[PDB]
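S.K.: Chain by chain, the residues run as shown.
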Amino acid sequence: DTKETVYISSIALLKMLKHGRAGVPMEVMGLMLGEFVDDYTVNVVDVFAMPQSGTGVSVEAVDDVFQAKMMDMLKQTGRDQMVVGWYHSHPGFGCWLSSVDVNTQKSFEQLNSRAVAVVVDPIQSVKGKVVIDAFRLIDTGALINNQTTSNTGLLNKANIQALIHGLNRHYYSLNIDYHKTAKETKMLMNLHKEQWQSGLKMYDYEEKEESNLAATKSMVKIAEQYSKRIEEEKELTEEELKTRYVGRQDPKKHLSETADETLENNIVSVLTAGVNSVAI
Amino acid sequence: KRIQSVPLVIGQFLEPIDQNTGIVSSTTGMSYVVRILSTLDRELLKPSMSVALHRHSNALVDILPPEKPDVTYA
Numbered sequence: 022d023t024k025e026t027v028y029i030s031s032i033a034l035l036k037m038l039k040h041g042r043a044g045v046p047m048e049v050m051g052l053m054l055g056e057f058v059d060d061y062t063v064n065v066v067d068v069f070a071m072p073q074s075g076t077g078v079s080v081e082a083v084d085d086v087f088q089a090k091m092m093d094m095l096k097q098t099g100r101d102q103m104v105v106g107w108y109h110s111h112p113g114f115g116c117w118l119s120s121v122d123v124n125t126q127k128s129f130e131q132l133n134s135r136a137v138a139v140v141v142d143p144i145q146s147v148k149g150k151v152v153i154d155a156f157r158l159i160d161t162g163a164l165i166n167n172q173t174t175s176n177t178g179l180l181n182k183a184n185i186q187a188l189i190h191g192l193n194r195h196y197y198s199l200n201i202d203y204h205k206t207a208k209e210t211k212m213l214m215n216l217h218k219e220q221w222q223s224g225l226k227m228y229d230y231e232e233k234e235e236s237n238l239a240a241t242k243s244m245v246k247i248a249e250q251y252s253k254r255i256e257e258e259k260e261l262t263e264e265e266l267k268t269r270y271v272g273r274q275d276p277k278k279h280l281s282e283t284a285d286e287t288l289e290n291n292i293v294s295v296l297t298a299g300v301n302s303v304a305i
Numbered sequence: 087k088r089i090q091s092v093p094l095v096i097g098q099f100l101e102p103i104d105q106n107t108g109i110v111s112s113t114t115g116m117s118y119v120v121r122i123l124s125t126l127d128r129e130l131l132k133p134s135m136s137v138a139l140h141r142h143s144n145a146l147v148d149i150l151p152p165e166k167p168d169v170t171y172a
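If you read the sequences in order, they're chains A and B. Residues 22 to 167, 172 to 305 in UniProt numbering are what the first sequence lists, from first letter to last. Residues 87 to 152, 165 to 172 in UniProt numbering are what the second sequence lists, from first letter to last.
Just so you know, the hints here were simulated from the structure itself, not pulled from any lab data.
When the alpha-carbon atoms are kept at most 25 Å apart in a straight line, the in silico PhoX-like pairs for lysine-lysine are as follows:
#, chain 1, residue 1, chain 2, residue 2
1, A, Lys267, A, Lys253
2, B, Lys87, A, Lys278
3, A, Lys36, A, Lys96
4, A, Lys242, A, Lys253
5, A, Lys39, A, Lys208
6, A, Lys208, A, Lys96
7, A, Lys218, B, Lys87
8, A, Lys233, B, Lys87
9, A, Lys218, A, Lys208
10, A, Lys267, A, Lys246
11, A, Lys148, A, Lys36
12, A, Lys39, A, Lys148
13, A, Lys259, A, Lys277
14, A, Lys278, A, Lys267
15, B, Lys132, A, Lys267
16, A, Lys24, A, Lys205
17, B, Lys87, A, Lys150
18, B, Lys87, A, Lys277
19, A, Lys148, B, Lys87
20, A, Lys267, A, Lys277
21, A, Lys205, A, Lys150
Modelling step: build the complete structure from the supplied sequences, incorporating the hints.
M.R.: This is the structure in C-alpha cells:
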C-alpha cells in the first residue's frame, strides 16, 4: 500500500481551480470522476460541482440529485466514466482535513475502499508553487492491530495537523502526477504563440534615442566610481580588500548588465530595419 | 521581480540586525522580523523611512520615496 501515483488530466485540474476560486472567500465543493486500477494509478478524468451553501469555513451539498441527474445525462455522450472521489477547498488556510471531512470520507471508503479526498488552497496557490494534495483515510482499528517497497519519494514538512496529525488518523498521504500528453500540450501552448506579425514590428523610435543617449548617461556614473573603486585596494588585509567593501551595488557588474543589454536590443533594432526594408 | 509587483503592503523600517535581515513595525499594528532581498540598496534605510512589503510572507520588497512666496526686490 504505497507508491500510488495519482495521475490527473489537465482538463480536470483547471476546472478544479476555476470553480475552486470563483467562490472565494467562501469555500466550495465538487466531485471527481475516474477509475480505480489494481493498486497504483488511481487516475482522474473529469470533475463537476454539486450545488451548495458556501461559507468561509463550511459548506454542504444542498441538492442530492444534480450529481445523479447529470451522470445519467452524461452517458448519452459517455464522455467520462463513473465516480471515484470528491474534493473541497480551504481558501487561505492550509491543505488538510477536519473532523467533518472524515465523517463524510469515512462513508466513501466503507462504500468503496480506495476513494479519495482532494484539498486545494487557491489563495496562496501562485503561478509557481501549487499546494494541492489528496488523501486516503486509514483504519485506526487496523492500526492498533499493527507499507514501503524500495521507494517512497516525497514527504511533507509543514501543515502542522497535516504533519503531526497528518498520519495518526488523517491518511496515507500520497503523491500526484500529471498526464500531460502531446495531443493536448499542442493545443495548450497555443496561447503564447505571439503572432506572425510579432517579430518584425519595428516599434517607434521616440523612446529608442531617448533610451540610447539616456543609457550612456547612466553608464558613466557607475564607471567613474569604479574608477574610484580601484584606488589601490591592498589595504590592511586580504579580507579588508573584500569586507570593507560590502556588495552595496557592486559596480562592474552593474555596467556589464546594461552594456550587453543596450547592445542586445539595439542590434535587433538595426537588423529588423534592413529586413523590413525588403518588405518591398 | 514578480513578487516585487502588486499587491504590496506598507510598513515602516526601524533598524537592521544583519547584512540581510531587518525589522518592521507595520501600520497593521504589529512588529515583525523580516529579511530584505538583494538587488537593493542599503544606504537609505536606517531611519524610520517608508517601505513596501509582500503581504502573506510579510517580507520586504522595495523602497519608495515621495509656503510659495511670490514677491521680489522690485
